[PDB]
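Chemist: What follows is the residue order along each chain.
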Amino acid sequence: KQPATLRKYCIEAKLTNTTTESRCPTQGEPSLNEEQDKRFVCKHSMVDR
Amino acid sequence: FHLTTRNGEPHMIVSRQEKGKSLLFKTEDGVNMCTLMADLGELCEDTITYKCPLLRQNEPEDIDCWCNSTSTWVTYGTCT
Amino acid sequence: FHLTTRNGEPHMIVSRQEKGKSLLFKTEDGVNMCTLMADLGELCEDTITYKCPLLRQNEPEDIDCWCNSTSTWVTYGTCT
Amino acid sequence: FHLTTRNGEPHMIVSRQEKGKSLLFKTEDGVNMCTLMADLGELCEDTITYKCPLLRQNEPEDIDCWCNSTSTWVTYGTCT
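Protein chains in written order, with the numbering used here: chain A, 1 to 49; chain B, 101 to 180; chain C, 201 to 280; chain D, 301 to 380.
Treat the hints as calculated values from the structure; they're not laboratory data.
We treat Cβ as the ideally placed atom computed from N, Cα and C, and that holds for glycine.
Hints are supplied without guarantee of correctness; some may be wrong.
To spell it out: a stretch of chain B is covered by chain C in this simulated footprint if at least three of its residues, at any positions, have a beta carbon under 8 Å from a beta carbon of chain C; those stretches are [unchecked claim]: (1) 114-122; (2) 135-147.
PhoX-like cross-link-like pairs, simulated, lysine-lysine; straight-line CA separation at most 25 Å [stated by the list, open to error]: (3) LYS121(B) <-> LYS251(C); (4) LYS126(B) <-> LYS219(C); (5) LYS151(B) <-> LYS126(B); (6) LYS151(B) <-> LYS38(A); (7) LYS219(C) <-> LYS121(B); (8) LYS151(B) <-> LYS121(B); (9) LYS321(D) <-> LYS151(B); (10) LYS151(B) <-> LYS221(C); (11) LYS251(C) <-> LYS221(C); (12) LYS221(C) <-> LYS126(B); (13) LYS38(A) <-> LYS14(A); (14) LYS326(D) <-> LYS351(D); (15) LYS251(C) <-> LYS219(C); (16) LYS14(A) <-> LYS151(B); (17) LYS14(A) <-> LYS43(A); (18) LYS351(D) <-> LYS319(D); (19) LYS226(C) <-> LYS121(B); (20) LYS43(A) <-> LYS151(B); (21) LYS8(A) <-> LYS43(A); (22) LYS121(B) <-> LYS221(C); (23) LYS321(D) <-> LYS351(D); (24) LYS8(A) <-> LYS38(A); (25) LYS319(D) <-> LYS151(B); (26) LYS251(C) <-> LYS226(C); (27) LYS151(B) <-> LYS219(C).
Modelling step: build the complete structure from the supplied sequences, incorporating the hints.
Modeler: Structure, rendered in structure tokens:
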């Protein structure tokens, strides 16, 4: 009866409000405030400009 | 399209019926003309949002959105 | 755009400068208005060709091209 | 930008606010127009300095700076 829950695994998800930000060569790493919102998945990369 | 802002910068919420047409909106610095060349579909939950750079006498490369007077953010759905 | 045919049916060769504008062409059954919402780029070797269905009082779904009076074929390049 | 010299040749100290604009400066041989296409950032300790070749009716290749009347040296910082 009511045994301790160890971990919840998500097995299916959806994505919404995808947002992109980028800076020119020389001007450091860009950022988005939603990068501080735990409900978002984010990635940092480099791209030709 | 609905004209709003994102951190002081102009933001365009573009709907489906605007695909293929020049986007014009007045700004203190004159009239701004952004060009949308985007998967542009119906406005829904699946949005994407990104920036349309200012481009002065330069050919566009690796982009499908750009304005010629003032950098603008754009948002549209991909649904159909 | 260049208006030609494909097996008796109207065919539209759409160039880059028409992105975002209503496509109109006269036909025995009145004036036809196709709507192109497409990766539409410059006319080149990399073409794609497909059909724009007739849509009477129905919302479009899973398509980026449709006409409202007579089904039409469309062709455009993807180059930039 | 500050116009100075480097061994008899004109030298341009380009600041951040000039990114994207035609660089013009008078010279005995008429008006010189250099084009800067550079990582151009804020003037600081991390400078780089190099030459912008003269280019008469030739397309530029493997360069981001060139003038059309008199070869010029250019210097700018990379800070941001």
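Chemist: Does each hint hold? Answer for all of them.
Modeler: Against the structure, the hints come out as follows:
1. 114-122: holds (count 6)
2. 135-147: It holds: at least three residues are needed, and the region 135-147 of chain B offers 5 whose Cβ sits within less than 8 Å of chain C.
3. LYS121(B) <-> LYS251(C): Answer holds: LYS121(B) to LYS251(C) is near 22 Å, not above 25 Å.
4. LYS126(B) <-> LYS219(C): holds (22 Å)
5. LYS151(B) <-> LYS126(B): holds (18 Å)
6. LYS151(B) <-> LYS38(A): holds (23 Å)
7. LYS219(C) <-> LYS121(B): This hinted pair holds, its Cα atoms lying about 7 Å apart.
8. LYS151(B) <-> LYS121(B): Between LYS151(B) and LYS121(B) the Cα gap is close to 18 Å, so the pair holds against 25 Å.
9. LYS321(D) <-> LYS151(B): holds (22 Å)
10. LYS151(B) <-> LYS221(C): Cα-Cα ~23 Å, so holds.
11. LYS251(C) <-> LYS221(C): holds (18 Å)
12. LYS221(C) <-> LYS126(B): Holds: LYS221(C) and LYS126(B) sit about 21 Å apart, inside 25 Å.
13. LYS38(A) <-> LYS14(A): Roughly 15 Å between the alpha carbons, so the hint for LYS38(A) and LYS14(A) holds.
14. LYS326(D) <-> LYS351(D): holds (18 Å)
15. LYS251(C) <-> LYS219(C): Answer holds: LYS251(C) to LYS219(C) is near 17 Å, not above 25 Å.
16. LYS14(A) <-> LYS151(B): holds (23 Å)
17. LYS14(A) <-> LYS43(A): holds (17 Å)
18. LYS351(D) <-> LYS319(D): holds (17 Å)
19. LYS226(C) <-> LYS121(B): holds (22 Å)
20. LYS43(A) <-> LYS151(B): holds (17 Å)
21. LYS8(A) <-> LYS43(A): holds (23 Å)
22. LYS121(B) <-> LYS221(C): holds (6 Å)
23. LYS321(D) <-> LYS351(D): Satisfied, since the Cα-Cα distance of roughly 18 Å is no more than 25 Å.
24. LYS8(A) <-> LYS38(A): holds (16 Å)
25. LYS319(D) <-> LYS151(B): holds (19 Å)
26. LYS251(C) <-> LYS226(C): This hinted pair holds, its Cα atoms lying about 18 Å apart.
27. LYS151(B) <-> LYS219(C): holds (20 Å)
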